[PDB]
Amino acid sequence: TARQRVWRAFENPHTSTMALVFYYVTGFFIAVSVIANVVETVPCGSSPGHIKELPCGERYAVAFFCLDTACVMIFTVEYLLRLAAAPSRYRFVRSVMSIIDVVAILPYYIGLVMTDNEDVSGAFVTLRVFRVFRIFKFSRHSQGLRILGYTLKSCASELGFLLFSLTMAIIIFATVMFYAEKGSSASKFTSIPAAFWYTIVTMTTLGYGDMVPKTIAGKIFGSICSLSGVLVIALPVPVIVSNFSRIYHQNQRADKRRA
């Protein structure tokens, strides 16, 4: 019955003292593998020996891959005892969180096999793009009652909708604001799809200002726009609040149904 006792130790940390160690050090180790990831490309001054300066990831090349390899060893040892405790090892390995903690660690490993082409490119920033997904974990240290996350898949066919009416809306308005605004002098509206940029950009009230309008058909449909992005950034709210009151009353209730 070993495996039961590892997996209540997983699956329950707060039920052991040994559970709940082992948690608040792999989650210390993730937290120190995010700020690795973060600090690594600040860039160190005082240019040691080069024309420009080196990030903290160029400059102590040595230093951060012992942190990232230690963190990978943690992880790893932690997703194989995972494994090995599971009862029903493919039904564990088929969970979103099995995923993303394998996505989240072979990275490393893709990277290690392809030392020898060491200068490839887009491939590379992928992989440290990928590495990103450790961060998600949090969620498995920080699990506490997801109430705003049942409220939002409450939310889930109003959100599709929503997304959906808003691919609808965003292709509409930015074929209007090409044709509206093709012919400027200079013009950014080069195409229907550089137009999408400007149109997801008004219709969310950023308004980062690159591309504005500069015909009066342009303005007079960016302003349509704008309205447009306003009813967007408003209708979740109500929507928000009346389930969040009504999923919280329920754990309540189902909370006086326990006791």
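So that the term is clear: the rigid core is the largest set of C-alpha atoms that superpose within 1.5 Å between two forms. Residue numbers count along the first chain shown, from 1. Compared with the form deposited in another entry:
- The rigid-core alignment places the CA of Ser187 less than 2 Å apart between these two forms.
- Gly209 is not among the residues whose C-alpha shifts by 2 Å or more between these two forms once the rigid core is aligned; its shift stays under 2 Å.
- Core-superposed comparison between these two forms: the Cα of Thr115 travels less than 2 Å.
Okay, that's the form deposited in one PDB entry, but what's the structure of the form deposited in another entry?
Next comes a single chain, given without company.
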């Protein structure tokens, strides 16, 4: 019953004080790792006798490696405790938070086994990006984030239809704008995939202005693109918001029902 006691401590943090302090230590370490990963890209001005600026993670690489390894050992000891001390380990491993934890953890050890070639980019930048998935470990700490996950899973069909309609609108308007605007001088509409960028920026009403139409047909079809993008995007948003509010309200009725 020790394993199920550990499981009820991990799943419910407000049952003991040991579980609560474990919970808050894990939250603090997640925040520290996230902040350190963000900070290490900031330049530390100019060093004494330095030609150019050097990021926090390069001027102090040893300290940042020590911080990252401390956070990663904390994360992996927590994960192994969750694994070896769960009732049904298949259910735990296939549970979403377990994949989140392993995606947070493994990049560090993959970087370790690739220590021979570290100056080379490519896989390096990929692991550096995948280190941000440790912010998804706050889902275990935020109820609203779990609500967001639940309502994203609930509206999978609506999200898929939104993606399909967006894809079709992007193809249509990119084709139209490329063919209307390929002939302009110094045109940025060098292909239909190039016009994908203009179409997606226009339909969302961003308007960066790095690609703007310069032809009368371009103006007309960009206007139609703006309006049609507004209408297409606004189709599943009400359903998504309805599901989000419904999930939140259902949880608040449940809270008042049991308390």
